[PDB]
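Peer 1: Letter by letter, the chains look like this.
There are 2 protein chains.
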Amino acid sequence: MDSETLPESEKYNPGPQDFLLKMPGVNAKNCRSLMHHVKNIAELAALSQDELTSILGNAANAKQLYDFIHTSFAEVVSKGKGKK
Amino acid sequence: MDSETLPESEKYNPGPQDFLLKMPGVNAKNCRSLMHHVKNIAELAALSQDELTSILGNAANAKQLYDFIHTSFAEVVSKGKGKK
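These protein sequence lines map, in sequence, to chains E and F. Using the working numbering, the first residue of the first sequence is number 38, and each one after it goes up by one. Using the working numbering, the first residue of the second sequence is number 38, and each one after it goes up by one.
Think of the hints as simulated: they come from the structure by calculation, not from any bench. One thing to keep in mind: the hints can contain errors.
A pair counts as met if it fits within one copy or between any two copies, since identical chains are not told apart.
As the list claims (entries may be wrong) - Simulated crosslink set (DMTMM-like; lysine to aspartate or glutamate; CA at most 25 Å straight-line):
#, residue 1, residue 2
1, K59, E80
2, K59, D104
3, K116, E47
4, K116, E45
5, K76, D55
6, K116, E88
7, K116, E41
8, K48, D104
9, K121, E41
10, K76, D104
11, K66, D39
12, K118, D55
13, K116, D87
14, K121, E45
15, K116, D55
16, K121, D104
17, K76, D87
18, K59, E112
19, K120, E88
20, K118, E47
21, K120, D104
22, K48, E112
23, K100, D55
Between the sequences and the hints, there should be enough to build the whole structure, so can you do that?
Peer 2: Following this line, the structure appears as structure tokens:
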């Protein structure tokens, strides 16, 4: 919401914006609110689940997203050697 | 790397794996390398371009990816920061 994030021409680049909308836990409603509360990927992944719950307004979306952010490429690949 | 990372099913869950591969600056060679240096999205977005150049071995890929990680959804659109 700073001078750099406020788009004059207002195109909305379908790279990073769309990048959100394809993530589990994201809808356009909470994407736009997100978009105002986060910079991009870095800060999005830096945000806690609780922050996402505040932005998205649902712990469902927040958990889905937060979990997707933390799910290692080689995590779910295992079935549960260390049973949690 | 530990027993943690060792895939039982060796499925390689496509979701986050492919999530990398679609990012500008990511190729399978540097993705696999990344995959060994990065947990998931959070660590990727936490890593600096220095780290990316080390992992990917290319400054080109590192710069492309670093840019993508740190460019707000509307930042490319914002003519206040860049462009003419």
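Peer 1: Reference check for the pair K116 and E45, CA-CA at most 25 Å: within, between, both, or neither?
Peer 2: Classified as between; 6 Å across copies, 49 Å inside a copy.
Peer 1: How would you classify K118 and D55 at a CA-CA limit of 25 Å: within, between, both, or neither?
Peer 2: Close across copies (21 Å), not inside one copy (31 Å); limit 25 Å.
Peer 1: For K76 vs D55, is the C-alpha pair at or below 25 Å within one copy, between two copies, both, or neither?
Peer 2: Both, since 14 Å and 23 Å are each at most 25 Å.
Peer 1: Is it within, between, both or neither when you check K116 against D87 at 25 Å Cα-Cα?
Peer 2: neither (27 Å within a copy, 33 Å between copies)
Peer 1: My question is about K66 and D39: at a cut-off of 25 Å on alpha-carbon distance, are they close within one copy, between copies, both, or neither?
Peer 2: within (21 Å within a copy, 37 Å between copies)
Peer 1: With identical chains, the pair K120 and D104 could be close in the same copy or across copies; at 25 Å between alpha carbons, which is it: within, between, both, or neither?
Peer 2: within (15 Å within a copy, 36 Å between copies)
Peer 1: 25 Å Cα cut-off: does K118 pair with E47 within a copy, between copies, both or neither?
Peer 2: Answer is between; shortest inter-copy Cα gap is 13 Å, intra-copy 45 Å.
Peer 1: Please sort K76 with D104 into within, between, both or neither, judging by C-alpha distance up to 25 Å.
Peer 2: both (19 Å within a copy, 12 Å between copies)
Peer 1: Within a copy, between copies, both or neither: which one fits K59 and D104 at a CA-CA cutoff of 25 Å?
Peer 2: Classified as both; 14 Å inside a copy, 20 Å across copies.
Peer 1: Could you figure out if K76 and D87 sit no more than 25 Å apart (CA to CA) within one copy, between two copies, both or neither?
Peer 2: both (17 Å within a copy, 21 Å between copies)
Peer 1: Please sort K116 with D55 into within, between, both or neither, judging by C-alpha distance up to 25 Å.
Peer 2: Answer is between; shortest inter-copy Cα gap is 20 Å, intra-copy 31 Å.
Peer 1: Quick one: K121 to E41, C-alpha cut-off 25 Å, is that within a copy, between copies, both, or neither?
Peer 2: Between copies, since 12 Å is at most 25 Å while 43 Å is not.
The structure fails to meet hints 6, 13 and 19 from the earlier list, while all remaining hints are met.
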